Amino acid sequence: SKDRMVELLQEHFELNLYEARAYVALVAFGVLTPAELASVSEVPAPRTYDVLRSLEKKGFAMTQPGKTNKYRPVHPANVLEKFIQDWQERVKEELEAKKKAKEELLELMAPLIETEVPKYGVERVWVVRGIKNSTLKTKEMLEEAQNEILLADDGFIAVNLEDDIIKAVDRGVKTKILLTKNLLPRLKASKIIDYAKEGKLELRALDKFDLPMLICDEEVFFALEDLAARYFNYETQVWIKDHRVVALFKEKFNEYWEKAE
């Protein structure tokens, strides 16, 4: 039918509905004026000029300017052939455009991938309040740690996060536990001291240290103090996930750590 001709033109040769209808009409009727097209095909009267003019510019028609414009269809074997050839040239050009878009993006995104160290998630600073949230944060750090754990403990930490601490030790995590000497005998029946003696974790003590902390693989979790927080009672703590901050707290742990035993 003629319907199939309209579809094919619309689908593959970039004509809109009216343009496809008008071109088919031109093939069938030869010379048409916009007025005649109106009566010949299914194209709105105010569009018949607009449409035929488009087909002209698209290479599907030729014309005779005048008070009344006459239009002539370009033979299908020419315009359909020409289109595919012109189409193929656009394609080939675009391919090059994409590979140059490719290279330019690679150049532009090298700055985003060059820093091969700090690839943490967005959330790197997290403020923790209260006892419940505190132990929940400490649990996670212990759950996620895979390389090392450094703990300076004046808590309220070894008890009862013991079962999380030992679990990490059981996973081969290089554990070091430093705690206040005054709090030492609290662990006299702990699992930690057994692992300390067997021993897969090292444990030491110190009369009192000023800056307690938990370090877990490029993460540090420490508490602010000012100055009756303990047993009065309220907690304010800060979590940071960044090698550079951890390096500071790790250097300090190692200063506290070398107070052997």
Contents of the next structure:
Number of protein chains: 4
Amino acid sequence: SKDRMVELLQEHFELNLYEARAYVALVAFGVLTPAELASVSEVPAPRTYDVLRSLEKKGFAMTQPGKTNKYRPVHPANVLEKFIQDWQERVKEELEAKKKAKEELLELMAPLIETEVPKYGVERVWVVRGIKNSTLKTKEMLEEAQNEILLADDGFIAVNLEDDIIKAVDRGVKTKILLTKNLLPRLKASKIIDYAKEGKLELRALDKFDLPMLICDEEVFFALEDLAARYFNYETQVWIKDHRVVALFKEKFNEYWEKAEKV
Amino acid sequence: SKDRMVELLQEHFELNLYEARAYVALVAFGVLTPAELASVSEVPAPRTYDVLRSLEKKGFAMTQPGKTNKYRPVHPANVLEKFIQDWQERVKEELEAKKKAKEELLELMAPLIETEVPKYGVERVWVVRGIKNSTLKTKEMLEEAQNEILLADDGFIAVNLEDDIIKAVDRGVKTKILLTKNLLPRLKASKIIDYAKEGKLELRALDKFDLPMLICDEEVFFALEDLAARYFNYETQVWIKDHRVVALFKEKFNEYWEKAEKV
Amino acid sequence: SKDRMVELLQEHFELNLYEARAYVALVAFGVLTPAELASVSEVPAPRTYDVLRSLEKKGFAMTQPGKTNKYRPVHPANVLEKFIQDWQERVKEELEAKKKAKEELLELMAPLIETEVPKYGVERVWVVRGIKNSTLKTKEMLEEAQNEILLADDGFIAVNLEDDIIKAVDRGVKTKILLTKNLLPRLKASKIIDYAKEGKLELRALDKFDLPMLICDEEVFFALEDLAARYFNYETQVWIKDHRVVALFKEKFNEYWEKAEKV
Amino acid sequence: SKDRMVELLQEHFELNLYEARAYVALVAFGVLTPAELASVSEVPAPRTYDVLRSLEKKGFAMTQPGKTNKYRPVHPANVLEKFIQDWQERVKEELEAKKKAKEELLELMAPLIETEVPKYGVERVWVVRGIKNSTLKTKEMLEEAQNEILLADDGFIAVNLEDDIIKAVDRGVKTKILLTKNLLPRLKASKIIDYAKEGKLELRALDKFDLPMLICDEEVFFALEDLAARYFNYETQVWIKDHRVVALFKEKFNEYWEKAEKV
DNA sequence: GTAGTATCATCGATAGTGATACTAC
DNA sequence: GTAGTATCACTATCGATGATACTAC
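Target state, the form deposited with the DNA bound; input state, the form deposited without the DNA:
Starting with the chain above, the whole complex follows.
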């Protein structure tokens, strides 16, 4: 069928409907002029000229340039195979590009390939105010703790965390507890003081320090001192995850720690 | 350069702008929820979902069997290599489809191409556009050559037509082949060698000649010369069937041939 | 009016409708949360979250990351001014790009710059049949002649050509007329023999030549000898414009021409 | 080449695919009718007309009164130079519009920013995304500085804020500026350099310090550090107003400051 | 109606950009 | 209701491609 011939030329050889109908006509009728083509095909008369001129450049037709151009079809066995061979050459190029593209992309993404898995995760700063949320955040910090826990506490933070502190120490994370001397009686026969006497965690006391902090593996949790709101459980507290910043606080802690006294 | 990565992905790996961005984001942050992606990247918030699902579908990102709100990138080393290997398969199959379409067309058109003889005949001049289409006519010249074949190849007059030349030589056609010296390197790597050294034909090389041509019996094929035309793959080539015109060109060929090397 | 404020932010500072309404809201109400933003603006509740996060990256808002994020507007005098200067630097870049682009384009188009103006067009091959069109083409050739006219004629002239040959010769174009001896008596009172004797043009006679031709300034006009379409007279004739081809015929003409004379 | 030209034209000179091609064709063949263009080029025949008219309008081609429709290219040296010069004009006017839109917005928002005193106040921690937006906060820090300013600039903490620094010094704020040695070579003249020799401030250079910062009274501004974040212009910067936290950072500054050179 | 010129119209893919639906409290 | 989530629908550009005037007769 000519319908089938037209379909195939469109589907596999990059000819539009009109160009395809034209080339079939040229093959069926041999030599045609734009005028003749129109009479023996469904190619619109107005379009015959450019459509045939289109087959010309694509290699499906040869031509005689004159007052009225006449066209002959190239032999389908020559052009169709030519098309395929050329196509394969394009493919062969598009392929090599893809490989060089791949090689380069891997070189570009080299520095970015990240094994670490974010748990929050794009967030490295978190602002907490309530007493509920301040505890839920310390809980997470102690749970995700894998290396060291440094706790300089002015009050309830260390007494309420005891359950969570113990569990962490059990996993093998180095724990250092630093309290204000006035808070000691709050730890009567507590499992912390028990662990401290065993050697499973370091415990020390200081009369005072101005910047209490919780440190967990490059995570620091501190408060913005407001005694006004500190009565109001709505005291602002900040969680920051960064090697540099947390390292700055760790220095301060070590300053405290090297001046305190173990129980 | 994130921009270069996005560019490459869009070009050689069939990702849209957003998907390309999303993948680099995925590769960068290791894990991302749709909202997180909308934040750190330039992918429209409302598009992050379909963009991420799309990447997953294209095998560029994965979702855990758990709460599927988080997406992780597939490692570039794996995903990029897999795309290229898979792509080769898709093209290879399209090749088969194309070949099947060609063979079918040749079959469908068989009845059309009968001894007429043929539908296009008695025409002694045709024009062919583009040096790339040179062989679409010269092939016919070689298949019908009965007496003599005189080729002064520029490297495009009779590309990949060697089989027809040796076939012509077999049916008793005298063949003189004149090549530019830069062509010889692909006779290694030939079939006319050892068909030339056998004496079944002649082969001579030459540094420079201004009028490359193919003569077959009383037919001459030559290309015109226009810088602008060739930039647009539109160079004009002419086929003339005339004993006087051919004879003139043959005088020029002979001129070239008496200066060529017997190599 | 806020409508006016929103209009300006969209028009000049690259904010969509929602982001623009948000920043106006933030400026009006100071600190807002996504929920609050919705209550005091026409920003859809579902969109507030991502829209505010958008103003964040764009530099129109600062934020407190928490269970419920709160946002403050950057001061319009800082952001709006910041935007403009940043924009100016992008412009400064796109400009430098444009200049380099131009420089390169001029280097690429250097070989392509065409001064000559085609009076026929892209066609360097023309196929003519009949006497009407072959004469109109010879006339055009003689009119456009500016350097030399080489005419080896097998018959005709002054078949309308005396007038055109003379007029050309009047313009100062070197003319060479070559007729077959049998044609000499046809021009005994012709203006050509008159001009030849003066001699404003060279005239010579030959008993025979197999390839008559008209040459005009790198244009050649010849016939494809067909027994006996010349009688019909549907004899195919070809016009070719090309230095190489025309030089080939010119060599042939000189072969003829070196065999005089007009007498 | 031709593909590269088309690429440039589309990129830097605001031509669509067809117009860019058409222009290169116009430059190549010197003159072209819509049909001729449709033939030699990849511009769809039915589109050649509007495409050529378009090129003319954009000042890339010119047309004769007819009767035929032939187009000539404008010389690239002229058209390309004209586009760029005109473009500079176009942007320069949009800049004015932007400045005018800004000035108006500040006016419209003036009533909004009334004595609250600050719309946003009593807030002691804010986050700012992207190093590019650093000054959108630090600016406020410097303009409100009453006692002390300690800058350890990385080159982005206080970009283009020199005027505010010298201005702060005038109202009696003690100013210490610590810069990396690679920054100093670009401080010419400047007001910050002949303010130190005058003694109105101090300036010390240092090869390397890990924690660039800005301290103003009881306020600190510092940036976190994440490669992935910075690739997406999403780096987190923090502003904290707390005497204990700032004092800590100040200890670090003083550490940096005791190793720098007086320049 | 016929030749040959110039001109329009429909559509898919992509990327923006102004809005809803579903859902567990 | 509240606070989220998960998608929707629409617009504009453009390059592809099929159809249709106008002007000669």
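What we label the rigid core is the largest C-alpha set whose atoms superpose within 1.5 Å from one form to the other. Positions refer to the first chain, counted from 1.
Only one candidate in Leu55, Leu206, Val220, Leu201 has its Cα displaced by 2 Å or more between the two forms after core superposition: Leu55. After superposition on the rigid core, displacement of the C-alpha of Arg72 between the two forms amounts to 2 Å or more.
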